[PDB]
Amino acid sequence: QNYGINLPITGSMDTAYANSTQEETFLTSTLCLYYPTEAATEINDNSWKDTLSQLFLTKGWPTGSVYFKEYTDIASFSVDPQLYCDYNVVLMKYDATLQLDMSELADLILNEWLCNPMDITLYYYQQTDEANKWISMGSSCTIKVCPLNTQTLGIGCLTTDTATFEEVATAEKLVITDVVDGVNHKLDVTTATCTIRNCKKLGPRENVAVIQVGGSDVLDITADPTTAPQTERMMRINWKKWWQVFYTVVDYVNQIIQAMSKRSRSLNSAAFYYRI
Amino acid sequence: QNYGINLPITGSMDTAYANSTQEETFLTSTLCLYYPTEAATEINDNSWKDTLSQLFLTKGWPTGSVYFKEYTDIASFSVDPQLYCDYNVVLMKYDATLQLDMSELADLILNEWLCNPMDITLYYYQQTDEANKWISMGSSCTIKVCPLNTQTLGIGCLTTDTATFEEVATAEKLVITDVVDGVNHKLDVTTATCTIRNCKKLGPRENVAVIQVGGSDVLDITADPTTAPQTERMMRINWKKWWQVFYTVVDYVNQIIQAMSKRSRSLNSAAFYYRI
Amino acid sequence: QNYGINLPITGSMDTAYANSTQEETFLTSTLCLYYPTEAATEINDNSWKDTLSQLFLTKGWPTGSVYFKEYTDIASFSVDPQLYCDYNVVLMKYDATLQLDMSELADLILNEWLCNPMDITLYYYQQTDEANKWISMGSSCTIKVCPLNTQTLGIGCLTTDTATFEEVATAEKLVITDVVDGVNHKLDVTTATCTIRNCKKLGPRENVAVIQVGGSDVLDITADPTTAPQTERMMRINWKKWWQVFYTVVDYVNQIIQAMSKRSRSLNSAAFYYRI
Amino acid sequence: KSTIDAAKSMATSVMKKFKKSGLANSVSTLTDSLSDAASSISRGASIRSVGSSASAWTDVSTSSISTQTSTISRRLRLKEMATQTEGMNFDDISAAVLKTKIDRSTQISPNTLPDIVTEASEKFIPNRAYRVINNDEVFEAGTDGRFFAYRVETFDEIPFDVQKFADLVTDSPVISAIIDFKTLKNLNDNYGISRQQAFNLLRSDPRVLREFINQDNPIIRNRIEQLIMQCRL
Amino acid sequence: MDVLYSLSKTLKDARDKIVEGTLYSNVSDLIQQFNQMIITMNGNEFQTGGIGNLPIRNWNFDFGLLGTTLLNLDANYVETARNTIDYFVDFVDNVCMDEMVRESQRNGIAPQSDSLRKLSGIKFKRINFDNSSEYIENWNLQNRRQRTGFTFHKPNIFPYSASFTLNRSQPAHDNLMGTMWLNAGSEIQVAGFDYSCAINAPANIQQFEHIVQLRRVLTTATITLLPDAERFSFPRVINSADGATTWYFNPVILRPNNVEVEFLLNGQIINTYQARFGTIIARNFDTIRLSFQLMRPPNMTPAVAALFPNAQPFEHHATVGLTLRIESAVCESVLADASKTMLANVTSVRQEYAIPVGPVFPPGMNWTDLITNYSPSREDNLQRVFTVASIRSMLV
Amino acid sequence: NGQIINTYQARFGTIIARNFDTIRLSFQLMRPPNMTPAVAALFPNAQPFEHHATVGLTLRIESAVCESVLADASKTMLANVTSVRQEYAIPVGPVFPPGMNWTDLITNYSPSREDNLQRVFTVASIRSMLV
Amino acid sequence: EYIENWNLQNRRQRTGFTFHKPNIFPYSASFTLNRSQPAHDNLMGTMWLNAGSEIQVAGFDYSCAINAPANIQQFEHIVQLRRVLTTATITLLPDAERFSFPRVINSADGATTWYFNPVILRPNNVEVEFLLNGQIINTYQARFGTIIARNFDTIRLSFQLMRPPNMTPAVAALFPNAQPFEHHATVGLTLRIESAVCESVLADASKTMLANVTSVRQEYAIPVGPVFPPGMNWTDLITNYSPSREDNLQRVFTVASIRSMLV
Amino acid sequence: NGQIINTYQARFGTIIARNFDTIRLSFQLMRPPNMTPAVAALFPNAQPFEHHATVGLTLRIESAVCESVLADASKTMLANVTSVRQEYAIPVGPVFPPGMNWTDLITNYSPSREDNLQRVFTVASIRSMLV
Ligand SMILES: *[C@@H]1O[C@H](CO)[C@@H](O)[C@H](O)[C@H]1NC(C)=O
Ligand SMILES: *[C@@H]1O[C@H](CO)[C@@H](O)[C@H](O)[C@H]1NC(C)=O
Ligand SMILES: [Ca+2]
Ligand SMILES: [Ca+2]
Ligand SMILES: [Ca+2]
Ligand SMILES: [Ca+2]
Ligand SMILES: [Ca+2]
Ligand SMILES: [Ca+2]
Ligand SMILES: [Ca+2]
Ligand SMILES: [Ca+2]
Ligand SMILES: [Ca+2]
Ligand SMILES: [Ca+2]
Ligand SMILES: [Ca+2]
Ligand SMILES: [Ca+2]
Ligand SMILES: [Cl-]
Ligand SMILES: [Zn+2]
Ligand SMILES: [Zn+2]
Ligand SMILES: [Zn+2]
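Protein chains in written order, with the authors' numbering: chain W, 51 to 326; chain Y, 51 to 326; chain U, 51 to 326; chain 2, 535 to 596, 606 to 776; chain I, 1 to 396; chain K, 266 to 396; chain J, 134 to 396; chain G, 266 to 396.
Each hint should be verified, as a subset may be incorrect.
[Said to hold, decoys possible] Here are the computed distance ranges between Cβ atoms for each label pair:
hint, chain 1, residue 1, chain 2, residue 2, range
1, 2, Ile701, I, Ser163, 55 to 63 Å
2, G, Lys340, I, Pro202, 49 to 57 Å
3, J, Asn140, G, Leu395, 54 to 62 Å
Think of the hints as simulated: they come from the structure by calculation, not from any bench.
We put the CB at the ideal spot given by N, CA and C, even for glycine.
Model the full assembly from the supplied sequences, consistent with the hints where possible.
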């Protein structure tokens with residue numbers, strides 16, 4: 051592929067529809083459902099995963115392709131989220147107070163990222179392009195930023211006194227920081243509790259779909275203020291009970307995955323690619 | 051008609067536009083306004099209905115054409131909704147907690163349904179396709195579901211023991227159950243205070259419009275998670291006083307009716323077509 | 051640009067040879083050295099990393115391009131190794147008692163693995179083809195396997211009784227399990243302190259080289275008994291001092307990198323194949 | 535794939551659903567109609583008929608010519624299940640498609656093959672045409688309401704003579720119009736064919752069909768593709 | 001061919017000029033030519049048609065001549081001539097049909113039918129007279145191997161081809177970059193689309209190229225170039241390259257930038273037109289190279305800026321286009337065109353009589369296959385049959 | 266005359282109709298079995314349908330032969346007849362539509378109209394030889 | 134024909150050249166904004182292409198004539214031919230497909246770009262006038278298909294956008310009472326001069342005179358003269374079709390036809 | 266012209282291609298179903314692959330007939346023309362490649378190149394009759 055990536059592909063506008071006769075690495079695809087702990091609590095059953103597997107089999111998934119990854123809450127799940135299956139469906143319960151955290155999680159898992167380590171203790175860091183952000187996650191991440199000028203002197207802050215730095219995040223399991231591009235910033239972070247990386251947004255993920263349970267359309271997966279794209283992979287439903295939500299997910303799994311695309315699952319389960 | 055229903059209608063692309071039929075429509079039509087009790091309470095006038103009728107007359111409607119129906123709340127209104135006039139505008143107050151109930155009411159009254167009886171005690175019921183749902187209405191509708199398998203044995207549940215059933219509705223006035231298609235289920239419903247019907251969504255009901263007073267776009271009249279269509283008959287307004295709401299409804303009645311199509315009024319006032 | 055498709059590339063057999071790119075490869079890439087802790091203890095110098103960086107700079111690696119990583123021993127390193135540098139060199143000390151483990155470690159890092167989750171509670175698992183293995187990593191992995199038959203009953207084991215299961219791993223930090231293909235197996239694993247994944251061997255990991263410091267050639271990165279390939283990325287050196295080992299690594303870094311190639315799965319051409 | 539303990543009743547398992555299906559009912563109805571017509575001296579006025587003689591095959595009980612031909616051909620469907628055809632017999636095409644699919648299907652099960660064979664036999668090639676040849680004149684009819692009359696050597700359309708098609712198809716060996724008249728004309732115009740080739744194509748002789756397919760003829764290949772994609776259930 | 005053309009021309013002139021009341025001075029030479037034709041054809045037996053459904057017809061000529069001394073032609077003279085004219089017209093029509101339905105790989109330019117082969121005998125050369133039609137003039141010049149060409153209005157030079165090329169793509173087909181074109185008859189419509197609208201392209205310019213190779217060298221061609229391809233200007237659902245899936249195209253048309261049309265002959269730049277629209281002249285070429293660019297508007301009004309965000313999703317896809325119509329041209333080889341009916345005549349004759357497919361022409365006389373593989377042998381046979389078709393259309 | 270003379274299937278470049286008086290075009294809209302997320306987003310399973318699937322077809326007769334006179338692009342017979350009639354304000358006659366409207370003429374192309382049109386077209390060509 | 138007209142011209146007699154698809158309109162793709170503003174969100178105007186024998190025009194109103202005097206917006210397009218055409222047959226069609234798809238169009242001065250999102254309404258009260266020296270020679274009202282312009286030098290196309298008095302909910306959703314206007318109403322018109330007669334020589338589709346002269350000039354690298362525009366560009370030639378240009382063009386075209394008789 | 270004039274299946278040795286302009290050679294590498302221990306040792310189930318399986322084909326045109334002139338191993342026309350051009354340092358013209366190089370010439374064998382080549386080759390044969 052690599053030696054043929056930059057080669058044209060020509061197709062005729064009358065070619066009859068067909069289906070691939072190409073082997074896949076795995077015989078069948080796998081579906082991962084990420085649900086909150088409260089969903090399992092409310093369902094109050096030990097065999098519910100088995101029943102959901104049988105219903106998915108009714109929907110054409112061989113026994114062994116559906117996996118269920120439980121997560122405590124949005125904040126905890128936001129710490130280095132791992133996407134295991136070919137298709138990932140994340141059932142995010144909506145909370146009116148965590149709109150930014152929901153947006154950050156959706157941005158992280160609905161987009162490919164290319165990240166690098168940030169030794170904030172040794173170097174200042176810039177954001178080169180609008181696609182560049184600083185993604186930090188951990189047990190508790192507090193980020194303080196001091197913008198410098200061309201002479202490497204803080205603006206509105208003392209480069210030596212951290213108390214004058216600017217607070218952009220306090221006790222965050224995950225936070226995507228966007229600062230003015232082309233400006234050197236001195237950073238101090240709770241490195242003992244969280245890791246911060248310089249990340250570049252490469253594009254959509256296409257194999258992770260987020261279903262927002264309850265609420266309204268509040269996700270913003272783009273840091274640009276004048277855009278709030280509602281892609282086909284961010285769905286929204288209304289609910290009173292979790293069994294109905296899971297039945298809806300099972301019954302419309304074909305529609306859910308028609309909005310997603312295979313070929314996007316990375317070899318690693320991480321939500322970002324890493325370079326050191 | 052029926053002998054010409056499956057016949058083509060040919061028209062030329064140069065036929066002159068006819069004059070505005072809005073006046074004739076208003077003269078020969080009837081308007082029904084559905085509002086909650088709190089609206090009347092806040093107005094605190096014994097002649098507000100007459101005032102609104104006179105204002106509608108200023109807007110072209112004949113005197114005895116506009117009718118006003120009052121409902122206690124969304125949940126109360128959802129028990130056998132009755133749509134009387136040719137045009138049915140429903141002023142639905144927004145509550146962040148009743149989101150699913152608002153969506154269910156809008157789905158029931160903004161669409162035409164074809165319902166049949168279900169004898170849950172005798173037969174095992176399944177949903178044939180995406181248009182098939184189970185609509186339950188009553189004083190208290192508590193629906194519990196036990197999916198079965200090819201051998202009729204339950205999965206995650208025991209047919210004999212109802213306590214193992216997967217509860218999907220509790221203490222509901224209206225509920226629209228969507229289970230996995232093609233799977234037989236055994237249902238436990240409080241038949242004493244509940245009636246459950248196997249319904250198919252035929253299509254839009256274009257003579258019913260819903261104006262959501264307050265909140266954001268939360269209505270979801272489609273069980274499919276991937277789509278949440280906002281139709282022309284799903285209006286939303288922001289309010290402080292109910293008098294302003296009614297004045298907006300009266301002034302823009304032209305636009306409200308123009309978003310609705312006549313001839314969709316059934317002979318009966320029910321929200322569904324009952325067939326044995 | 052054309053990412054999801056594999057297009058043939060045509061080249062002439064007499065075009066030219068482009069200038070050496072080793073200089074630029076060193077300049078724009080990063081090197082990682084993985085060594086045991088006992089190496090650091092024997093060296094017994096606090097600034098030895100600085101000296102090695104200076105020597106690598108003498109060999110053309112810009113300062114900061116070479117990173118050093120410490121692992122307590124083979125068993126500890128085998129717990130989910132994370133090789134992130136552009137070029138990875140793993141100095142693995144030979145212990146005659148830890149042959150298989152070393153092999154497994156090499157098999158894990160010298161090859162590219164595509165892994166799906168395994169829910170041993172819900173599903174029975176097969177191994178479809180020769181490239182299919184079960185890789186388990188954790189604090190202590192203990193895997194017992196009960197093979198079944200067409201009737202789903204165990205062979206020489208009882209599914210209900212785990213005491214009859216055939217133990218294949220005991221207190222392993224990492225283990226790669228190969229079983230008979232086409233036979234369903236029930237797995238009993240210590241999921242609390244071990245995670246098992248259903249993995250496929252896609253191909254070689256180009257950018258990881260293992261230097262065996264000590265005894266003879268014992269590594270077997272292939273489950274097939276009939277073949278025990280020794281690839282160019284599996285180096286072997288006899289040693290008495292760790293400073294000598296590191297000096298040999300620095301002096302011949304040109305050849306070590308030459309034996310390695312950029313990870314195909316890591317660069318942009320692999321986009322929408324699996325990763326980047 | 536023969537999941538043993540299910541092969542013990544596979545043929546009978548499929549037959550049990552087969553005889554309860556629409557094809558079996560139509561066969562029974564045809565046999566009963568023929569028996570009543572034979573038994574009836576004056577009890578035959580019930581038989582709508584277009585031919586000069588009242589026949590159950592030509593019974594039309596449910606353009607006028609198009610409707611008559613459609614009603615006749617929907618029952619000529621059974622001439623295939625009567626061994627009263629000489630061509631290549633659409634039902635064998637459907638049976639071959641069924642065999643290939645059930646052999647190449649990974650989801651077919653012994654409990655599903657019953658009633659799958661039946662809906663295949665009843666929904667494979669729903670609209671099919673039949674032709675009758677007589678003294679160099681060919682009358683073709685179809686379940687879709689299209690009827691043609693033409694000559695053998697030169698496929699030139701003629702006014703369709705119902706009441707002559709009816710009597711011809713009552714007794715003459717009916718032919719499955721696998722290569723229908725439209726495709727026959729298209730072939731003879733673009734690929735002007737021999738007298739022997741046309742003779743065999745009209746009678747749906749498999750040899751010429753495979754000959755033309757091996758030559759990679761776009762027209763006959765398109766016709767056969769239409770038939771195969773028409774073989775869905 | 002010259003003798004057959006002369007027969008047809010003599011019969012046409014007999015129909016036109018031998019009319020009641022006309023002076024004999026008006027038809028003296030025509031009457032001499034007609035009598036020569038009668039004299040030469042008399043005593044000769046001809047056989048036409050044993051291929052497909054073309055029936056075997058036998059022709060014998062024992063016709064009397066025409067008078068030469070009267071002053072004005074009268075109804076008697078015309079009646080005498082009419083029967084001979086009808087028989088000869090039928091004979092010539094059948095000979096033309098017999099020749100039109102034949103081909104040979106070896107010598108496609110030589111006569112194939114027995115009748116036309118006999119008419120190539122020396123004794124029939126006396127029938128030959130004025131060869132003034134375009135096709136017969138080209139026939140004679142090409143036999144002498146002299147530079148000669150046919151003039152076509154809307155030449156049918158491009159085989160049908162509706163295709164697309166994706167330079168940037170991915171399995172979800174959400175951020176694409178490429179070109180889609182229709183090549184049909186004398187028309188080329190090409191459209192280069194960028195889903196990102198060249199947000200990340202160097203200088204915010206994306207370059208698209210389209211190269212069309214003509215199977216024959218066109219000369220003295222008039223071309224109409226327009227800056228929009230209306231064919232690729234509306235939403236479409238397009239099959240993928242391999243037909244595995246379908247992708248969505250939602251064009252928003254930006255004007256093309258740095259438009260260059262190069263008409264090349266054997267890789268040599270013969271004509272070049274930069275930012276020129278309307279009528280252009282391509283004097284001599286066999287290849288057309290259209291290079292255009294999509295440039296981001298440096299300044300955008302709020303709606304335009306709303307169309308093109310900084311990153312995905314890209315809902316509106318920026319498209320530039322070109323339309324190139326060959327109004328007229330000159331080509332040394334015969335082609336189908338919107339004005340003449342030669343291809344239609346040959347195809348009709350072949351279809352009406354179920355001519356078996358030969359070893360030269362595509363079955364059904366399909367023009368797309370014919371012009372896709374327009375070999376010298378195909379060119380020879382096509383010129384032969386087209387000349388015969390023009391000769392026949394002179395009468396029929 | 267209701268008899269099928271020519272048939273072309275999935276052919277688009279250039280076709281020949283040797284003898285015909287009726288054109289029957291048939292085309293199918295086939296929902297694509299496989300859809301990318303955007304395509305699948307266009308076509309929901311139920312109403313509302315905001316994007317409507319459409320399948321086109323364009324058929325241009327570039328050249329033909331007819332035993333009856335007709336207006337065409339190249340010739341100026343109809344233009345000449347109409348111009349002469351309009352210049353001298355000829356009252357509407359009993360045969361042709363008012364203003365020599367070609368749409369009405371060809372919509373009701375009766376034998377009498379054919380005869381009169383051929384006469385006037387032949388005279389128009391005769392005149393155009395000189396003027 | 135060319136030598137006959139040459140002789141007629143030499144005798145100062147009436148001349149006539151018959152053209153199929155006469156190349157009478159110089160290329161010009163332009164627009165006029167009768168109502169505009171810096172934001173370009175509520176515009177009203179016309180955009181047209183005049184090329185060869187084809188005129189496509191489209192009158193667009195972003196408000197869909199919501200505030201018009203009678204919900205009618207009047208659009209006018211005047212094309213002044215640079216030579217008089219006689220005995221012209223013209224195909225007139227309702228819609229202008231060239232201006233019926235979304236576009237991003239430069240501003241008048243190029244400072245910025247505006248967005249066009251047409252939704253096509255049928256043209257109303259169509260009126261095609263063919264004028265000679267400012268006098269109405271031909272008029273056609275609500276007439277489409279083939280029409281005859283017997284003698285004219287100007288074309289006046291007057292059409293109207295009439296707001297539909299009745300609109301289904303889908304139609305009513307595109308045309309709100311006030312801004313923003315995401316869907317912009319458009320009424321088109323296509324006019325093709327299939328054939329005509331002109332006293333002066335012109336380029337056309339059928340003949341090869343212009344192509345021959347241009348090819349001969351290009352082949353031998355003839356330097357630009359003092360009469361014709363460089364490269365024999367037809368747009369420049371017919372935009373400024375002066376009597377000197379007419380004389381020289383007739384001369385070279387006649388010579389070109391003479392040559393084409395033999396080459 | 267894309268039509269199969271000649272076909273040869275598993276036939277080796279001397280074959281006749283009567284009339285053609287394209288050659289399509291289709292072959293297949295088939296894994297031996299049965300292998301001796303050494304053969305099985307060559308081809309493992311996974312990487313590394315030290316021995317790479319290869320199938321081949323050789324196709325020599327011993328003799329042929331062409332309507333256009335060509336260079337061959339017997340006639341010395343190309344050599345004569347090239348020698349004459351090189352001896353007298355003829356400047357590169359507008360037709361032939363700038364060495365009289367046969368690869369470039371036969372690559373872009375245009376009709377103009379074919380005409381000029383036929384002329385020069387005929388003159389070369391005429392000259393070789395004497396010189
Ligand atoms: C329609 O409106 C026009 C314009 O005012 C008016 O003249 C006419 O009488 C109205 N009624 C009808 C039936 O056209
Ligand atoms: C390659 O190396 C040669 C020899 O040192 C040098 O002249 C040249 O500039 C280098 N670069 C390229 C691109 O050839
Ligand atoms: Ca956060
Ligand atoms: Ca500060
Ligand atoms: Ca930034
Ligand atoms: Ca945003
Ligand atoms: Ca409810
Ligand atoms: Ca339960
Ligand atoms: Ca359902
Ligand atoms: Ca929904
Ligand atoms: Ca181990
Ligand atoms: Ca055991
Ligand atoms: Ca195995
Ligand atoms: Ca091994
Ligand atoms: Cl034209
Ligand atoms: Zn034309
Ligand atoms: Zn594609
Ligand atoms: Zn402007």
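Now the hints, each set against the structure:
Hint check: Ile701 (chain 2) to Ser163 (chain I), Cβ distance near 44 Å, so the stated range 55 to 63 Å is violated. Hint check: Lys340 (chain G) to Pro202 (chain I), Cβ distance near 53 Å, so the stated range 49 to 57 Å holds. Here the CB-CB span from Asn140 (chain J) to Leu395 (chain G) is close to 59 Å, well matched to the stated 54 to 62 Å.
The structure fails hint 1 only (numbered hints given earlier).
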